[PDB]
Structures are given as C-alpha cells and as structure tokens.
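**Student:** Next come the chains, spelled out residue by residue.
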Amino acid sequence: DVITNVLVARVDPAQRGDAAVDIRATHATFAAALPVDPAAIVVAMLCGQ
Amino acid sequence: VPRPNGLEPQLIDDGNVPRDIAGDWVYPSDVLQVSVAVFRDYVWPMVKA
Amino acid sequence: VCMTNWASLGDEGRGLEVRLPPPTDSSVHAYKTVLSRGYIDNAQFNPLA
Amino acid sequence: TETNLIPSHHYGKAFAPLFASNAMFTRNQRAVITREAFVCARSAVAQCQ
Amino acid sequence: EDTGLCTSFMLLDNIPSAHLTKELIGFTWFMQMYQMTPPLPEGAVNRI
Amino acid sequence: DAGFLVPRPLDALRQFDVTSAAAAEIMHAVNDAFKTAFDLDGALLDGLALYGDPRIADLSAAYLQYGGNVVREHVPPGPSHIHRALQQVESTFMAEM
Amino acid sequence: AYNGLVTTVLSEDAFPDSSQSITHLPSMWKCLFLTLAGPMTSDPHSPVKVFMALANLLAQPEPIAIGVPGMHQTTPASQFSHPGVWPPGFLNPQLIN
Amino acid sequence: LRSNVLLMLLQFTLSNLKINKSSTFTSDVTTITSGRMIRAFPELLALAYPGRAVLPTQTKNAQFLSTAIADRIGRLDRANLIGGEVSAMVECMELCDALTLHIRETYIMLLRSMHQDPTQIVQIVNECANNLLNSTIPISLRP
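Quick mapping for you: the protein sequence lines, in order, are chains A, B, C, D, E, F, G and H.
Read in order, the letters of the first sequence are residues 778 to 826 in the entry's author numbering.
Read in order, the letters of the second sequence are residues 1021 to 1069 in the entry's author numbering.
Read in order, the letters of the third sequence are residues 244 to 292 in the entry's author numbering.
Read in order, the letters of the fourth sequence are residues 827 to 875 in the entry's author numbering.
Read in order, the letters of the fifth sequence are residues 196 to 243 in the entry's author numbering.
Read in order, the letters of the sixth sequence are residues 876 to 972 in the entry's author numbering.
Read in order, the letters of the seventh sequence are residues 536 to 632 in the entry's author numbering.
Read in order, the letters of the eighth sequence are residues 293 to 333, 337 to 438 in the entry's author numbering.
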C-alpha cells in the first residue's frame, strides 16, 4: 500500500497516442526529496516548552 | 516543360502528362505557391492575352 | 469592419483588440499570431496556418 | 595494527577514492579495441596471403 | 556523435553545364536561376 | 485533426496536422491571451506549453501503489463559459467571414 | 500538508556508513537521532530507512538474512527507496531469530 | 592492389564508426511538404531531402524528382518514453545511403553489447570492491 509514484497525465493512458509519462516518474522518490537533518529535528523534539 | 523546335512550351497535367497551356487550368493553391516563378512567365502571360 | 471596442467609454479594461482595417487596405497583420514569425513578410499571411 | 579498528571499515575508507570514478573500466574499454583491432589485422594479413 | 546525414557518397559534378546565353537559350535551366540550391547536382556529367 | 472531441465549426480552413512541437506555439499564445486580459501573475496554465504534449484532454492525476493499484482522479472542467462564448464566435465566422 | 508534492527525507549524510560497525561510539549517535527523527519525515520508506540503518551497523554481531535479492545486509539504508526492497525479515519479525 | 584496397576500405569502415545523433525535427510550415516534420540542420537542408524540391522547368534531374513519393520524408516513428524529456530514438528518411548506414548501425550494436543495466553495474562495482563499499542506485526509470 506504500505509494511508489505520483503521475500527472495530460490524457488518460488508454487513449494517448505516444506514451508520455510525467517527468516526475524519473525522480527516485515520489516527490521532490528535500533532505532534512535528523540531529536538528531531535533538538526540537526533546526541547520546546 | 519547354519544347525545342518552336512547339509551344506546355505544362504538366495532374497525371504527369504535358498538356498545352492555351485552355483553362485549375491550379490548386499549393501548386501556385511553388511555381509562381514559372507561373508569371509562361501561363499568366498567356492569360492577359 | 470589425474594430472591437471602437465605441467603448469605460476604462482601460483589457489590453487586447482586433482592429481590422477596412478592406481597401491590407488586413494581413491580424492573421500572423501563431506560426508566422520571422519567415514571413509584413504583407502576406501563411495559408497553412 | 591500531587497537580498536574494524577491518571492514578501514578498507571501506581506503578503497573509497578508487571506485568513485569510472577509471576502473578503462582497462575494460581498452580490451574491446585490442580485440577488434586484432581480428581486423588477422583478417587483413590473411586476406593478402 | 555525428548529427549529419550518415552518408558517404557525395553526388558531385566534375564537368559543369555551359552557361550559354547568346546562342541557343532555354535549353538549360540552372536550378540556381530561381535562387535555390538544387538537391541533385547539375552538370553535364555527374559522377559519384 | 485527431485528438480531443470538441465541436469544430472552423473546419474548411486549411490547416496542416499540428504536431507536438507546433501545438506548443498555439498553446503558448492562448495562455498569453489570458495573462494579458486578466493580467494574472505566476503560471496560469502555461506549464502545459513548455514540456510534454500540449494536446491535453481530461487532465487527471494518479498515484501507483505497490500492490498493483492506481488511483486515477479524473478532474474535468465543469461548466465553461468563455468556451461557450467562443463556440458562437467560431460559428459566426463561418457564416460571415 | 504538501505531502506528495514534496516529501522531506532523511539526509544521506547523517546516516551511519555501512562499513562502520556499532562498536564505533559516534556512529550510533547518528543512528539514535535517526530513529527519533524517523516518523517526523513524510518519506513512506522511513521505517526501512531507520530499521536498516541499525542493521548496517551490527552486521557481524547479529548477522541476518536480508531476503531481497541484490540487497545485502550491509547495503546502505539510503538504497531502500522502493517498496520491493523492504526486507521480508522486517515485514514479519518471526523470520528473525 | 588487394593489399591497398583492403587498407582503404578499412579506412572507410573506421571513419564511419560513429553514433547517429538526432537533431531537432522542426515541422515544415511551408507548402512544399506541409506538416511532415523534416530535420532543419544550413546548406544541407536542401541537400538531404530531394523530395522537398521545387521543380519549375522539366529538367533531366527534375524529371526524376517528379516521381518522388511525397510522404516518404522526415521522421516516421518517434519512440519517446517520458513526456518532457529527450526521445529515445527516431526513424527518419534523409539522404543517407545503405552501405554507410550498415556500418554505423553495427557500431551502435557494439556499444550495446558492452553495456549493462544499473542493477548490474552496482552488482559489478560492489563485487569488484568485495562488498566493502555497497552502493545505492535509485529505482526509477533512467530512459
């Protein structure tokens, strides 16, 4: 059930003349993978009143 | 196509056979566009007469 | 002659008009919107577009 | 040796700058030309004899 | 990469046609007369 | 001449088969007629003219789950008003060009 | 809120390198902070990117049979990005002794 | 002569070991072809497509060009995978001949033989490094 891709189809794939998958397919993950620093999240999780 | 012994310079039919100019033709637009250098010197002077 | 908003009196509205000249002049500069840039003169329109 | 070392870690750091480039296959790409030059020389000598 | 017509046999004309303009005209219409470079080369004899 | 199925009243006007490279310049100069009229800022549907096929029909979004499932969410436009106004201009041009 | 348009993932830099073993002390503080900031990210493989990040470390203290073909126990935990690479030991802990 | 001819056709073979690269296939807006997507190179455009010629007077080389089939020009079958990226390959009908084309296709074949998938290159490098360094290759379609 974990989502692998997210695709935007200009025409639904049964009827498009030449396959043109959305370019976001090429990316390794399913979206724009911004990195995050886990040693910076963990400061805000343990502190913060 | 111009003929050598004085025979009038005729032009090409639809079925690629040289028929004589002095008649009544049906130039399609596309053809006129690609032969106006030879329309203006051969068949259109045979129009003004 | 189609001269859009010739009798307007309100405000600027939208910067867009089809001011066709009367047919005594040449009405060719309003039919070169799409595929007619650079390769065509200012006195002719492309019939294939 | 160093006291607290991990031999699968110290080689992972020392062999790091080797395989970060595709210079490992220059010896591989050179072989596919030493083959094709060898057959087109053996078929060039023995077609003259 | 090549990015050109992958040919290797150029149609050339080694003997040019005569640009005769006084006597006997209309026999030879150069393609270039109308301002176009002809696709097949024009010459008296065109070798490959 | 193929593609989407809209009622086309301009049809005797001679036009060649518009490929994907030529439908960019049609789609670019239509979304440049909405950025000049309504003077929007930002994209306003012009993304559809810089990559991919411009002959879009029934734009839809979908995500593929790993277990052999795909959830297409077809989002078509509802009532269209300027296109309803355009199709009467395009059917008056063929009457009085 | 904008999941699917942009997913935040854990950095490929704050992962413990798989050559390093868990006896290295500052290579488990990178793995402790990875688990606490695990569910914060919206990356749907952040279970496997957290679980295999430990299993890269103790890969000779506790040797295990990572059942996905091509991925070895020491394979780094930024490789597990597809749902086909989720190891069958992780999906069911009865396969782990 | 045989030893000299064979050393000339070796230079004919080796000078043709290239990769055919696709330039841009711009559509033809003029009325000579009208819509069939030719390949706009500058003085080679009128030398690659003899079908697109203007034949004003019946000359001997224009008598041959009158039999040119009008649709056999330009691209025929763009095989593009991802929308918005470069196409994989195209099938055009330019002036190129068969003998040179055959040599070029063989050279493309050779490159294909010594090429492995990204699930094989990472299985070579991690085995050429004795799994000291194991690396991640993303699982998304590199076309």
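Be careful, since some hints might not be right.
[Claimed, not checked] Think about it this way: if two alpha-carbon atoms lie no more than 27 Å apart in a straight line, the pair counts; the simulated DSS-like pairs of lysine-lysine are:
| hint | chain 1 | residue 1 | chain 2 | residue 2 |
| --- | --- | --- | --- | --- |
| 1 | C | 275 | F | 910 |
| 2 | D | 839 | G | 565 |
| 3 | H | 310 | E | 217 |
[To be verified] With beta-carbon atoms standing in for the labels, derived distance ranges:
| hint | chain 1 | residue 1 | chain 2 | residue 2 | range |
| --- | --- | --- | --- | --- | --- |
| 4 | A | 809 | F | 919 | 14 to 24 Å |
| 5 | E | 197 | G | 598 | 29 to 39 Å |
| 6 | H | 364 | F | 919 | 36 to 46 Å |
| 7 | H | 333 | D | 870 | 46 to 56 Å |
| 8 | H | 406 | C | 276 | 22 to 32 Å |
| 9 | E | 221 | F | 926 | 49 to 59 Å |
| 10 | H | 364 | F | 925 | 34 to 44 Å |
| 11 | F | 878 | G | 607 | 42 to 52 Å |
| 12 | H | 296 | D | 839 | 31 to 41 Å |
| 13 | G | 598 | F | 879 | 55 to 65 Å |
| 14 | B | 1057 | C | 254 | 49 to 59 Å |
| 15 | H | 322 | F | 961 | 42 to 52 Å |
| 16 | H | 407 | F | 919 | 28 to 38 Å |
[To be verified] Just so you have them, the derived chain E footprint on chain H, three or more residues with Cβ under 8 Å:
| hint | segment |
| --- | --- |
| 17 | 294-301 |
| 18 | 373-386 |
Derived from the structure by calculation, the hints contain no laboratory data.
We put the CB at the ideal spot given by N, CA and C, even for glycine.
**Student:** Does each hint fit the structure? Answer for all of them.
**Tutor:** Here is how each hint holds up against the structure:
1. Annotation: proposed proximity of residue 275/C to residue 910/F holds, straight-line Cα distance about 19 Å (limit 27 Å).
2. Between residue 839/D and residue 565/G the CA atoms are separated by roughly 18 Å; this keeps the pair inside 27 Å, and the hint holds.
3. For the proposed pair residue 310/H and residue 217/E, the alpha carbon gap of about 50 Å is over 27 Å, so the pair is violated.
4. The hinted range of 14 to 24 Å is satisfied by residue 809/A and residue 919/F, whose Cβ atoms lie roughly 21 Å apart.
5. One distance hint, 29 to 39 Å for the beta-carbon pair residue 197/E and residue 598/G, is violated here, with the actual separation near 53 Å.
6. Taken as a hint, the range 36 to 46 Å holds for the pair residue 364/H and residue 919/F, whose Cβ atoms sit roughly 45 Å apart.
7. For residue 333/H and residue 870/D, the hinted distance range of 46 to 56 Å is not satisfied, since their beta carbons lie about 36 Å from each other.
8. Between residue 406/H and residue 276/C the CB atoms are about 45 Å apart, so this pair departs from the stated range of 22 to 32 Å.
9. Between residue 221/E and residue 926/F the CB atoms are about 54 Å apart, so this pair conforms to the stated range of 49 to 59 Å.
10. Distance hint for residue 364/H and residue 925/F: a CB-CB separation of about 36 Å, consistent with the stated range 34 to 44 Å.
11. Our hint of 42 to 52 Å for residue 878/F and residue 607/G holds, since their Cβ atoms are close to 50 Å apart.
12. At about 58 Å, the beta-carbon gap between residue 296/H and residue 839/D misses the expected band of 31 to 41 Å.
13. About 59 Å separates the C-beta atoms of residue 598/G and residue 879/F, a value consistent with the hinted range of 55 to 65 Å.
14. At about 52 Å, the CB distance of residue 1057/B to residue 254/C agrees with the hint of 49 to 59 Å.
15. Between residue 322/H and residue 961/F the C-beta distance comes to about 29 Å, which lies outside the given range of 42 to 52 Å.
16. At roughly 44 Å, the beta carbons of residue 407/H and residue 919/F sit outside the given window of 28 to 38 Å.
17. Only residues whose C-beta sits within less than 8 Å of a C-beta in chain E count toward coverage, and the segment 294-301 of chain H has 0 of them, not enough to reach three; the restraint is violated.
18. Only residues whose C-beta sits within less than 8 Å of a C-beta in chain E count toward coverage, and the segment 373-386 of chain H has 0 of them, not enough to reach three; the restraint is violated.
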